Structures are given as C-alpha cells and as structure tokens.
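Taking the form solved without ligand MTA, here's one chain by itself in structure tokens.
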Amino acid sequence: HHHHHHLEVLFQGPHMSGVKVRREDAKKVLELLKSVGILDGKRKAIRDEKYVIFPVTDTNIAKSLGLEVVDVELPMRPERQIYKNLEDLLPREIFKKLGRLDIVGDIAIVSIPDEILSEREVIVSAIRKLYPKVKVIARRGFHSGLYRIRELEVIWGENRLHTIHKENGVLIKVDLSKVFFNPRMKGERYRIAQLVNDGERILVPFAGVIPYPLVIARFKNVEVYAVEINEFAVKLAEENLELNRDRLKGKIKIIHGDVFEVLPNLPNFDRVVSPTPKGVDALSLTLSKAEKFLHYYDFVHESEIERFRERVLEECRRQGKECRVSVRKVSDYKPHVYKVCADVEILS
C-alpha cells in the first residue's frame, strides 16, 4: 500500500469550494490565500453587496486559516481574451477616473489620481492584459521645467523610461525621464508630411527628439531645420537621425539652441511647423520665419477659438502678410480645452 501523503494528490476532479469573506477583508484575504498557496487560479472570484468568494484548492488549510468554507459553482477563468478596451477590464468607477493611457514603445503611461491609487494592482493588471507586450507601466504626473519633462513613476515592470517607438515608418528613440514626447501627434505628423512638397525648406522649432522632421523627411525630399534647447533631446535626436538615415528621403539639420535666440539668425523658410510647448507664445517669431505656410500649434479654451483665429490674423497683418488662416481642433486636451493648429497660408 501507498503512503497517504502520496495518495492525497491523486484526485482528478475540479475544486468545488471557496472562502466567503467580507469585502473589507477581501484584499487582505486574497494576499493570505496567495501566500499560503491555496488560491485556485482556475476559477473566478465573485462578489455581492457584502461578500467576496475566493476559489481555494484546499478547504482544510482554509479552515486552519479561520476562513468560512462554502460550496459554490464559480466561473471558470477565461481561456480566450476578447477585451479590446481598458473599460472592458475595469469597474467603471475606476476606469472613469483614469487619465488617458498612452503607449510609447514598450512603455505604458497612465494617469492615476490619488483617490484610486488604492486600486493600483487591478489597474496594472488590466493594462498588462490589454497590452501583453509592454514591459513598463508608469504613472503620469505633470510637466516640469524648461524642457517640459513629464513627472513619471514606474509602477510596474523594468525600471527604465527609455525605449524605441515606431511611427509612420520611422524609429524614435525616447527617454521619457529626460525629454518630452507625445505619440498622439502621429496623425498630425503624417498629415503635414503629406502636405509638404519636394524641394521645400522647412523649419521645426521645439523639435524635441525630432519626430516631426523625421516623419516629414521620411515621406518627402526636403531640407528640415530642427531647433531644440534640451541637450538630452538633441542627443537623442542625433541618434534618431543616425538610426533612420537609410530610410529618409529628405535631409535634417539639428540645431541645439534657444528657439527665441536661434530663429532671428536663420534665413526664412517655405514652411514652418511649430509644435509649441503648452503656454508658450511663439506665434510672431515662427510666422516671421515662414514664407508660404505656418503650422502653429496651441492650446485654447473652446470659448476662445475665434479670438485665437483673430489674433493669428492680427499678427499676420502686423507683419504685413496677406494670409488665409484656418484653425483645426487637433485633439481634446481637457474638458472645454482643445489642442489646436493654426494653418496659415501666406498669399503672394
């Protein structure tokens, strides 16, 4: 005959019990159950208004932990994964308070207000499920300093904020701990790239790690001057120029400097593209460098859009330019605030 401690593992059926705990104890108990090693990963936990039931693999150990054992038929864990949005994976009360989620390379960046920080672990879980390939999850603060670096804290995965982001056929090395970069601008950067004609000389102030010059030069044989004050951003921009050298039709000239110092010393350009830092007014200067087109990005309250257009026109007249000015909503920034672009066509 066999030893009992050998036979005890032979039962072929599924586990059919769980523990019933008060919701206020749930997290505690979950931890306990994992630590003791009797948490059944094959079934879902469930809840009602007062209680949670966790599936367990050993009801005797469970009783030895002082937990109420119940016999229930619990849902099997999903094998297939049809979720497509974050909201599919989170309670609405938690999802609604999350900020925008961004993917940069293999880094996920999300805003988590203090009052749902307590739900961090489910949030991470959700993100990891929605994006199996991300290696880093960072919580988003706000921008700081002249270089407009975003406050970020790694809350899951590798302890790093550098990656290579793919966009519009180019490779963009970023280090989010040292530079500003917005993946959401992909569309814009494609759009302008299509608008540009071969033979143009183009100026991009506030160029960052030059994603705009890169996309433009990717699709058009043009010369692009890029001006950026952040030397870390400049470094990464040089590395990006090298990384994409074989797939660019156009040429890019990187200038490390202060836009407001550099631009008055430059010749003028066919087209100027100004991804202006939020709150900075560079309209006069950037327009002053444009001969045919200006694309001037700004952030404007929806009650101020018309005023914004009026002010652009005013500056056009002040510089003695005859212009067509078109304002586009580029994205929803805050409630009642838009990231906008003034397309200025200078008439001849």
Second form
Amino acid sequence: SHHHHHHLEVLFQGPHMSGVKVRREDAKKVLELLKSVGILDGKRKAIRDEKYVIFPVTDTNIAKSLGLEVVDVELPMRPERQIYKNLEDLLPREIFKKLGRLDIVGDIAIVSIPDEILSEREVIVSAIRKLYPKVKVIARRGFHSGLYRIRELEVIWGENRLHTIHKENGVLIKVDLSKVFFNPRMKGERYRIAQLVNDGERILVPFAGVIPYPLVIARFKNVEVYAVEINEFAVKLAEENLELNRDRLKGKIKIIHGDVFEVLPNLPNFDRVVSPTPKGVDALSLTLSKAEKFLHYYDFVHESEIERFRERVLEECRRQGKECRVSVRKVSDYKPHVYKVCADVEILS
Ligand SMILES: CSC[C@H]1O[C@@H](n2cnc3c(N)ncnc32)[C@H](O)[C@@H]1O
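Given the form solved without ligand MTA, corresponding form deposited with ligand MTA bound:
The next block holds the full complex; its first chain is the one shown before.
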C-alpha cells in the first residue's frame, strides 16, 4: 500500500536552503520568535548587511505563517572547528572595546559591562562561554565596597554562586567573591617575591585576604609568614586554605585576625614585609617600621606622580633613621594614566 503523508514528510535528505529576511531593528525580536516556534536552523550562520538580517530556517511554510519574508540563499555552515584565541575574535569591535578586562577565578569568569552595552549581554555571554568552555559562572563586576573591599558582582550566566577553588603557582586558593576580596592578577608578583625570599626569613603580610601571598611564598620557601586580615570571612577561608595546602607547604603560616593598624605596632620586627596595600590607603610608615631588611610596598600612582612617590618613600626611610635603596616598579596598568606600582625597599646595614 502507501504511507501516511505525515510519515513521509520527514524523509527528505537534503539540507535546508532558505532563510527569512528581516530589518535589523526587528532582528532580535524575530530571532526570539523563530526559536520559540522551533524553526531556527542551527546548521547555518545568520548573516547581515546595512539594513537587513537573514536567519536560516528549517520550515518555510511555518515562516510564512509567521508573516516573515522567505528568501532562498546560500548561508555559511556553522563552524565545526574553533580557532578563536581571545574575546575580540568573537565580538564586534564596538562591543569588545567597551568591555573591561576579563578575569578568571577558578571556574568563574568576571567582566565589567557598561550600561551602554548591557543590551548586548546575550552575545557577550555567548562569546565568553565559547572562549572558556570550562567556566561555570559568568559575573558582571562593579566597584569594591566597604572596609573589606568586596567586589560588587552579579551572576549573569551559570550557577548562582560566587565561591570556587582557584589554582595558582602550585597552591589551591578557596575564594568566595561574595564575601572576600581577591586579586587573581597578582599571580606574577606573588611568584616573583616568592623566588626572591630566602629560607629562614620571618615575613609579614598585612592585608592578607585569603592569604594567597603567604601561601605562594610558603609553597616555595621554608620561612615563617605572619598574615594579618580584618575580614572574618577571609580569615575563615585563609584557615581552610592553610589546611588545604598543608602537605605541600615548605614554610609555616600564622594567621592573625585583626586590624593591621592595631596589630603591627604590637608585633616584633621582620626580615621582610610584603604589603598589598588597599587602594587609597597609606600604610608606608607602619609597614616600613616592621621591616629590617626588605619592604615590598604596593600602591596606586598616576604616572606623573611616580617620581613624587619614590621621594616620599625615601623621605619615610630617612624619617625612620634607615639607610635604604628604593626601586619602583610598575606592576600593572590599573586604568588609563594610573599604575599599580611596587616600592622595593632594601634596608642597608
Ligand atoms: C584591597 S583590601 C585587601 C584585604 O585587606 C583587608 N584589610 C583592609 N583593611 C585592613 C586592616 N586595617 N587590617 C587588616 N586587614 C585589612 C581587606 O579585608 C581585604 O581582604
């Protein structure tokens, strides 16, 4: 006998060759419509010109029932392989250029998205997921708030969580970005100072957070590191991090829950002080006062202020009756015309 038409109609083996032609101002509306109705063809790319977009569809009869103009076109096939290296490869320049730098913490991607391009959130998320297929959370960042410098963060894709375990320089760092400050970009600096350190040193790190600096130093050197942190949630994670890394640390770490400006005057002095100073805070006198051989003092300085910065460090050295060599390094581009810097102070005997 013969077959039912509603069985035969699925048998055609060829590929779809049609799309719908829509005004650009209608493109987002129509893309949503095509997906909801279920006739968007994932096999092919959409294309555009100056005025119109063409979406690939799987059923032109249904497209007509949606009031859409059907066109016969030769659209590109979806890519089977990927060779994108960076975000710029996946976004138009007008969008990418407005994006802040992207940071990865554990399996969380963090990016700043100005209100002006927030309307492009979908393609931004798509681009980030493509570039980082292992990321499980994407968050939009604002500024740091409060004494603990917690970053304003909104999850815009993935799991609704801001805690993860970050890997750096051979150590494991538990972080909860909803509760503590963390600085992934300091990876190079932390490794640098860890290599400079010598076995046997006693080292102080004020403003220590979940103690990434003490962990990286103690990973590579048999030293004792005192860490001072005021945020009790950061202290908790620091304790958990110490236990998490305990069997891989050569050195020892002492975590002190407290206010740096209260704690340091009551401490003994140290061979080396490493101060990842909160932006805007001046802890130069106090941290130098605890150093016997080396201070590494981080700060944020406008380029035109860079020389004044060095002379202020030298002034404090003389003020404390110390003879020092001071070297200033640009550590990172913080924003236009402003650098994160480090004063390396060598105290001479
Ligand atoms: C950018 S701030 C870096 C870390 O220093 C901590 N911090 C800020 N001020 C102090 C202080 N006075 N004493 C101890 N830790 C501090 C913050 O909670 C954060 O974890």
